[PDB]
Every structure is written in C-alpha cells, then in structure tokens.
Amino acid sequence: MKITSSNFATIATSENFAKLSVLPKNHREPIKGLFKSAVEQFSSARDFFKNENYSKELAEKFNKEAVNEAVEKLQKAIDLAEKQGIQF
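Three-dimensional structure of the chain by itself (the form solved without the RNA):
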C-alpha cells in the first residue's frame, strides 16, 4: 500500500488510527505518534500553502494599484509638459 500526496487524506483517517488501538503499547504508541506527526505536518503544509497564495493575491492587487498610479503621474507629467511646448 503506497502513499502519495494525492491519496494521503484517504489513509489518514480516524478509522485507520482506531485500527491501531488493538496493538500492544510498545508498538501502538510509536506508530500512533508517527501517524499523528504525519497528519499535523500535512495540515501545517496545507495551512501554509493556502495563506501564502492569499497573500500573493493581495500583493498582486497592490502591485497593480501602484503601477497604475505611477502610469497616471507620468501621464500627467507628460501632458503638462506638452502644454508648455515640450517636443517629446
């Protein structure tokens, strides 16, 4: 049975974790900590991955806002100068 990041949430299930309670404690607790470490790490990666995209989305908007004001100041400048006879 092979685990990939596409099938991870299918195996990391409460049902497989409960299947682990029949084992004796020497085996049960190391495997359980292994199971729980994998889930919390997978969830931190998912949490981190989607907030970074959110930030990027925001940042792109911000960038776009800045770029357009800059184009309108150049435009303004240029237009003001043509009125004063400047031959661009």
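Residues that one form lacks are left out of the comparison. Numbering follows the first chain given and starts at 1. The term rigid core refers to the most C-alpha atoms you can superpose between the two forms while keeping them within 1.5 Å. Compared with the form deposited with the RNA bound:
- For residue 53, a C-alpha deviation of 2 angstroms or more is recorded between the two forms after rigid-core alignment.
- Residue 77 is among the residues whose C-alpha shifts by 2 Å or more between the two forms once the rigid core is aligned.
- Comparing the forms between the two forms, the C-alpha position of residue 67 differs by 2 angstroms or more, with the core used for superposition.
- Taken over residues common to both forms, the rigid core alignment between the two forms yields 46-88 as the one run of three or more consecutive residues whose Cα atoms shift by 2 Å or more.
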Second form
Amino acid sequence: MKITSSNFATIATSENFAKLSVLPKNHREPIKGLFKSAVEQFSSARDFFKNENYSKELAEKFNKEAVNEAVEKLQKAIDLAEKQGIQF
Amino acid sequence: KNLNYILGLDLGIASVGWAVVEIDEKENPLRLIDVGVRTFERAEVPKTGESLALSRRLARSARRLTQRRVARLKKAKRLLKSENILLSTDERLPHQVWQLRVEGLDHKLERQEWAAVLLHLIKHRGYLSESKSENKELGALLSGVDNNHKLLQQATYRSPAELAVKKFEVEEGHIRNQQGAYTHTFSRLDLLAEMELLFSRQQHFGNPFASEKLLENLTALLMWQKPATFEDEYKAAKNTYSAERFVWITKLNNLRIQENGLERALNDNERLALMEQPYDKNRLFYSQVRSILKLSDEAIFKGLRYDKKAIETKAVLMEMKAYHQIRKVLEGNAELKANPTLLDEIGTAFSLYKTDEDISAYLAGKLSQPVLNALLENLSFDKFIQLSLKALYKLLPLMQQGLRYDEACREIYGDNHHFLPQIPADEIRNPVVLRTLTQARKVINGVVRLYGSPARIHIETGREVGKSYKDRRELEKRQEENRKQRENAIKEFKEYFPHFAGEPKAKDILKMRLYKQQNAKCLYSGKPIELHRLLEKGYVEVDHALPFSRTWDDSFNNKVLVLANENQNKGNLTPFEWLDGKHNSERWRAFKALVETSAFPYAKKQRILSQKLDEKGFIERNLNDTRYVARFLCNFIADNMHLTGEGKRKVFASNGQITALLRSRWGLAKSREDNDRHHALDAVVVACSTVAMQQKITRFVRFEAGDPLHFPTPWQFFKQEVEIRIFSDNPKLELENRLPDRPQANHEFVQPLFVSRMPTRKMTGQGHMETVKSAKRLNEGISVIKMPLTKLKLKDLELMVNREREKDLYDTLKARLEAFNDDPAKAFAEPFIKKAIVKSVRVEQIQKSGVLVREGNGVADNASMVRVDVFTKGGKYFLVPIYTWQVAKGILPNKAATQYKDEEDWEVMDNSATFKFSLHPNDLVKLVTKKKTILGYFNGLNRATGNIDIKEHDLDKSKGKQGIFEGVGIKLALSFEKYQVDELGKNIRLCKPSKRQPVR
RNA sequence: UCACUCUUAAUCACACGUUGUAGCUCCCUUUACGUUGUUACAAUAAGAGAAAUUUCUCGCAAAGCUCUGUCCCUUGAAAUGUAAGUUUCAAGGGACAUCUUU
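Now show me the form deposited with the RNA bound; what you just gave was the form solved without the RNA.
Okay, now the whole complex, with that chain kicking things off.
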C-alpha cells in the first residue's frame, strides 16, 4: 500500500490498529509504536496555527513536516506489518 | 456438600482479614468455620505518600525532554552541514560562544565561530509557556524571565548575550544559573530576536552563511514544540455539527434533578429552553441551566461536587468547540449563519485531512475563498466519534423528541457471575483503596472456590480506608492526642480515688467524666451526687438518654450518668416522653435548664433534648457504614457476584461504632496483639451481625432498660473460641484441651491461621541510585564526588581527597565547623576564599558495588535486587544476587555473596555448584538449622555479610527483631527450601523448580 | 456490674545537579596525576525491540489472566517392571510473572 495525505485518515483506523494484536510481541511493539505515533502527529498537524507564538508562515512550515513525517511512519508501519502478512 | 455460611471481611489500607461463619436456615450463626488474614504493601509511597507512578512519570518526562534536545541538536548539525556551515558533524567548535555572540555583533565571525554560536543558540533556547496563575516555582521562573526582558530593553544590552557578558558576569561571576536560581533564564522570544539581530548584522558585515532560508529553518528549530449497529460507512468526526448535536442530545436526555429524593427528569416544556443555549453561549454552565429553568436552592444535578456557586458556575455541560471556534475564526477575519450540512463537511475536511490542498479540494464547491482563508489560517480538528455518518442523520430527529440511545437504536435496528469481576478502576481514584479492594476481591474468590457461594457478605471498613494521606496523618495526630488524654484521665482518676485497686475499668473513667460534666448533679432528678460514693455498684449507672433499642446509638452524645433511684421508674422512653415535655411541665423545664447549664457540647445537648424519634433513619445511619467505599462495595458485590441470601441486603457494611460495641460486649475488645492476626477479629464479629442477632440484642437492651441474664453472644464460649482460632499456634490442641465442653468448635476445617502476604516478584525496578559517582577509583573501591561546603559535615571533611594535598584547607574548614557546632551551612555561608572561591570540592566515599553508567564514565550504587539464586556448592548454601541493571543488560551473575571479600573475587557458582532455587522479595522460605526452624517470608539479602532477613508471617513482638529475623546466615544451615502459600493462607507445601531461569 | 483507645493536575517546555573530554584559572603532592572557580561539547537511568554511522516506540507504576512462561493442586490415559515403583501424554482448577493490557 501507499499512504498520502488523501488516504492517511482512511488507513489509520481502529480496525487496522486492532488487527495488529495477532502479531508476536517481537514485531507488534515497534509496529504499533510507529503507527500510534503517526496518528498522534497527524491528528495535531494543524494545531500549530492555534498558537499566538507561531507565525503563519512558520505554522505552514510546521504543518507540512507534521503531515510528511506522519505519513512516512505509517508507510513504515504497513511495510513491516505486511512483511509479517497482515490482512490490511 | 457446600456449606451455608456468611463471609465477614475487615478491610484496611494494608490488610484484609476474613472469616467464614456457618449459619442455619434462619439468620442465626452456629459455629466458626474458617478464618485468615492477607496483608499487602500499602499502594502508595511508604513515606512521602505520593503516587507510586509519579516517579515513573517524572522519569519519562526527563527522558523525553533530553531525547528531544538531542534530536533537535542532530537536526541542526545536519542542516548546518548541508548548508556547508559545518564541515563535518564533529569539529571542536570554540567554547567562548557568549563572548562570540557579542563579538558577532559589530564584527564578523569565521565559519567555526558562527557555527558554534548557532549551535549554542539551538541548544539553549529558553522559555515559551497571561501570568501569575498557580505556582511559586513558575512564579520564580517567570519573575526571572520578566526581569531579564525588562533589562534587555536598554541600549547597553542589545541582546541576551550582551546582558550575560555585562550584567551577569560582573556581579555574580558566572553566566549560567547556579543551584536553584532562575535569575538568568531568558525568554524564547528574546533569544529569537537575538538570533534575528545576529543574522541581520552578520549579513551586512560580509558573512556568506546568513541566508534567509537558513534563518527560517533555524527559527523553525528553535521555536518548534510538539503539540499536546452501522453499515460500511465510516465514523463521524467529533468536531462536526451532527456529532456535537448528538452529544448534546445525550447529555440533555441524561439530566436528572435531585430535590431531597424527588429525583425527576426535566419537564418537556422546560427542555425547549435548554434545546439551543450552546449556540448562543460558547460554554453554558450549570449556572445557566439552573437560572434559565425553574429551579431552586434545594435542587442539584447528578455528578454533583458540592448552593456553592463555583461548583455549579464553573461546570460546563456541552461545549460547542467546533461551532464557536468556527464562529470566532469567521468573525475575526460568510457569516456565522451556516447550514448544518456544510458544517459537517467542514468538520470532516479538517478532521480527515490536515494539509491545505486536500481540504481545499474536498470543499472547493460549497465554500467561498475568504471562508477558506479564515478556516485554513486558524482551525484544527482532532478526534472522531464511534458512530457512522448515515446513522446520525436518522437517529438525531428521534432523540430530539425525548428518546434514549438504545431505545432509538432498537427502533431503527431492532436486533460470569460466580466470582467477583475485577474492580472498576474508573470508579475509584485512590490507588490504596484500589489495592485494598483488589486484595479483597482475591480473598473473596479464594473463599468461594474453597466453600462455594456465600449467603451474605458482611464488611467492616477501617476508619483510614478511603482517605487522603493528610487526612490519615491528622487522624494519627488526634489518635495520639486521645492516647495522652486517656492516660492523663487515668492519672486524674487515681488522684480523685487514691485508694483504688489498680487499673480502672472503662466504665469508671466515663463515670468520672460525666460527674465532671454534669457538675456533680444528676440530670433527670437534679439530686446532688457524692463523689466518694461514685464507685460502689448500684449507686450510679451510665444510661443511654435516647434508648438504645430505639436508636442503636452508642456514642458519647447519648450517655448520661444517672442515679439508680429514678431509672427504676423510667423504662426505655426519651427525656421528652419521660418528663412530660409535651405539656411543658416543671420537670421537663428543670431538666432542660440542668442539661443546658452543663458543659456538654451543643450536639449532645440537642440529642438529649430530642423531642423526635426518627427511629428508622437513626438506626439505619447507626448500623450501616454510609461512606462511599461501603456503598460502592455493597452495590458491586450485590450486582456482580452470586449470593445465596434472601432479601435485598445480601451485602452488609456495618458502622465501625456498632462493630466496636459488639466487640466490647462479646468479650474480645482488647484481644488484639501486635501481630497482623488481629484484623481477623473484626471480620468474625462483623460476620455475626445477622439481623436475628441484632433483634436479640435489641430485646436484651429492652430488658435491661425497662422490662437472658447477660448480653447475647453468637454461641456459648464464643470469646475463647475466636481467640484460640485466631491466635493459637495449634488451635486443635488448645480447643480440645482448654475448652472441653464445646466439641463443636474443633472440626475438619480447624487449622492454624497462617497470614498470607502479597507476592512481590516484579523484575522491573529502579536501575541504580540517583547519586552518580565518578568511576576511576573503583580499582581501589572509593567514590569521588563533588562535595559542597554547605553540605560537608565533619565526617565528609576528613574523607576529602585534599587533606593529602591542602592541609591549610583541611585545618581552616575544620575550625569553621567547630565554631558552628558541626554546622556546615553556618560556617561556609560566607564565600570561602582559598589561598579563588571554593563552593564544592571533591570527596571520597565507600564504593565497592556499582553500576557503570554515563557511557561508562560514571558509577552508581545498586538500587534494589529483584532475584536471589540459592545454590548448593561443596554441601553449603550460596546466594547470588540479581539486581535490575543485571536484568536489563540480560546478564546472569555467577557470584554469590561472600564475606570479608568483594565481588572482584567471590565464590564462583561454577559447574561444581548446583542451582537450588530462586527467590523473589516477600517469598516464603523454610529454614531448619541445628537450633530451630523458621517458616517465614524472605525479606532481603545483605551483600556484605551474605546473610538474609526473613519476615515472621504475623510479625509478633515475641519473635525476631520486632517480627523479623535479621542477619540469619544460611551457609552452614541444614535445610533452606522455598515454599508456596495460597491467598487464604492454605496449602503450605514444598515447590521444587527444575532449571535456573534467565533474567530476561 | 458479662463493655469500649469510636467527642487533581496531566502533555508540551525551561533551568539545574552530577559524570567525562577539551579551553582558561586557584591551589598543590611526591620522585605525571590530582585539583578550586568558569565556559563549551557529549551523557543524564541501567537498557530492549523492529527496520535501515541512522530512524521510531518502549524503558522505576497500577491492574489483568485472552496469549506465553514459572510454580502449586485435582482428574484421566499410555509405556512400563527383578512385581516395588517409576518415565510420558491428555485435560480441569488456582496463584504469580521475565506474559497481557492502560
């Protein structure tokens, strides 16, 4: 699979997160850690604009990295879980 | 077959006593079946009383903060390297950055110096966070930052670096903050302005590496902070019109008004007014709902805090977060008049997508460009609901008419008890109460597994359960107050009756107290009472003013000292009824004047002059524990567990006062030793509080007041049976010998009571001691740390590493402590000037057992062992310690604690040695030696002596050092074996492990 | 009298403290180590997992028994065998974790 800003909210869902339980502890922990971290970073990607200490141009710069960083993590999460054969 | 028994429990912050008492088919106990005690470590810090997870939380915060600092330093280094400022990641950049930053002003710096100051700005960036809200720590930091900001706005300090090199390092001698100081902390905005000023000045001064994009990226780094029944259709966003409307509907239909038991839902006419407040007001509070509706003072909402306005004025029902956020962003920069079907799309656009382009493409059609600007610049939506979009548009029009969730769901879509479930931790904030109830649940499950379903569960909650740390500490304070008061009262009694025969009974002290408080006169008659005649039997008695049969009140407020002359005429009425107060007779008025002129407290005065019986309420208040934990436990046990009892009070939580009364009149009041067994006592008595027993007690009180020779007991010889079954070492022998006339007490279930202690087998813990020493002296086994003068006492003085280098230092510091009587602060509170200023000088300490930390350049003391491996070598016992740092490193030690020698060469647990077993803290061991045998819980290992401490199962004062056998050596012992115990104290038997397990 | 000791802060962050290597500087021991004060940089639990010198998340708590492991117990089935008693598998109930959650 490939993740962009268009499908990130669609793939980072509770059903996919729940179906990571069958994984063994060896690989389950890093995959969930990457996936949960990606969700948290992306869910607050626009939070920068709501602070008086951040300029709009700076907030634009922060928002682009926040989405780019979070998309990268879930791509790693799917890639490693698909390596273990997940019915994503 | 399964028995018919009542289970009594006694709960306290660190213990759970339990009794199993057989009952007949009536509510009448027959004989004691079983009894036991389970202890556990109080679920809070042993001394400070903070949460046990608070240290872990602070450690997580520190680790994360350091990790973020390292990450942003890495990113700054890489960015400088890519922009060619940094030749490579590691160059020895200059160390005078502060003087370089000011030199960077009004001069140009080379590439190395410029990189150094840039990385220094990134590393030390300052505070961001109106003002003056909560804390003194904040207060100090903010005061320092504000003073520095005030100072910076002068011509002499163009930037914080100039302020540091001008104001800081001429009056204090140092740039950085020293000790607990915040006077040198700077604002993030001030340092950002400094960086912008440096870029602007260096640009004009010929610096090539001062790009606009470089400035922007460095601002980004120095300013960044991490922010804090349906079909296939996906769930809806939380910050949408439909979802917020849904939640408001649920809250509006979940409203109940309680007016002295008249708990009712809103009138349907009243609900229309509340329908749309949140659209008009951003955060309607409980003040708004009470003011708009037709309510009054004696009316409050469920979930009450508790009239007091702040409880209700500052409590929000539903916050239209999305609605008013969009309102403010659209008004500050179309109008707020919007159609729901567009608000939902806006919310979904900002919840599913966070980039400008995606949300612009998703909402290109139904949104104008200025609205796009207003929403894009200042909006952020986060979470989602657990209900699909299509479901909401149908469910909302139904619940707006006064429906419920499941009822509307059924209209749209029509289509474990035997044991106690786990404690609902969301209903219990207290970790201590949570652990107490968890252990109670474990005890109940064990008892049910051993005997079956109980007919009833009776509960005795300790006074200190369900309280904060400070509340229990003040309870301890006033407990000692009462202790000194009672011993002083005994002394005063001995003064007033010198010819007494020793220790007074409990009745006599209260007789003297009442004699004092009623001013040597009886209340009812008014006759004068003589102090010298006070102690003969029959002269006076302590009488319940309000009868006990009618009130069940054993409190001090119900006792009056009364001559036996007049109680022969009264019976069991109240003083109003007895003295004909309804007609306002001379008797009642004289008695009322007499009681009101006494030294009684007001509550006692009004309880004596009651005029009202209120039997049902008073008795129910006096007999049952009304606290939160008691009510919750009754509800939880009744609803979630199976009890074979007839009625609706299958669970009984008795008031502690009635339990004390029963324990006193049943003969076993002060039958409690200093061991942990005494808890069981209370369980037994609370297990015997069946309604038939209380009726028997009421009838006996009716006898002794106005109408069995002695106070009822559950059966004959109850006191001694309970005492033997709880405290005897071999209760069978004592029961058969000292109590021959009661063969029923000795049965198949009679076993010696063994107290079961909670296991502690966790392998995770604190890695080492926080104090970090330097590791280059371990080859001789000594600890070199910086020793502050203000902390250095006389002993630390001689253990210095400089008495061999500066005898003048040693001698002068010695006499300084002499002149202050061994007080370090008093001597060196004045700047100590060496023959330079001395604030802390390195010292030496004992260090021969340490963990290597700080990339191998530091050492620390071991914190706590998590396992002890017992081996047999050469026919003798050896003990290998296993700490947490060994577990984390995954190493399996082979060195056993040997005495007079250090771990450099201990006894090696080689192939010649045989692994016996492993021990975790608070594990049961049996040790037989040439002298005696001890069966006790393992309580640590001494690394130096190689000896162990084991805990007596009940902590008797008569055994060991206050209950623990300290310093027991096992090298030459006969047998040292590990055992196992159930939660009920049963099944003490040998356990033989097969293989030595790894640490990970 | 067979009665009694019952008149909230979180999450973001800041700044220290300590250890080590450098630049200054104070003292100072012997036939090069110490080492005061000050600045910089690295580290700031011991560490573990996964994927590429580098990236994530976890890393001192509580509770839980669904998975895994340790131990205790009950029940049944096989091979036995100097006829005593062993060895093995099956499944039921618990206690705890190096297991599972939050």
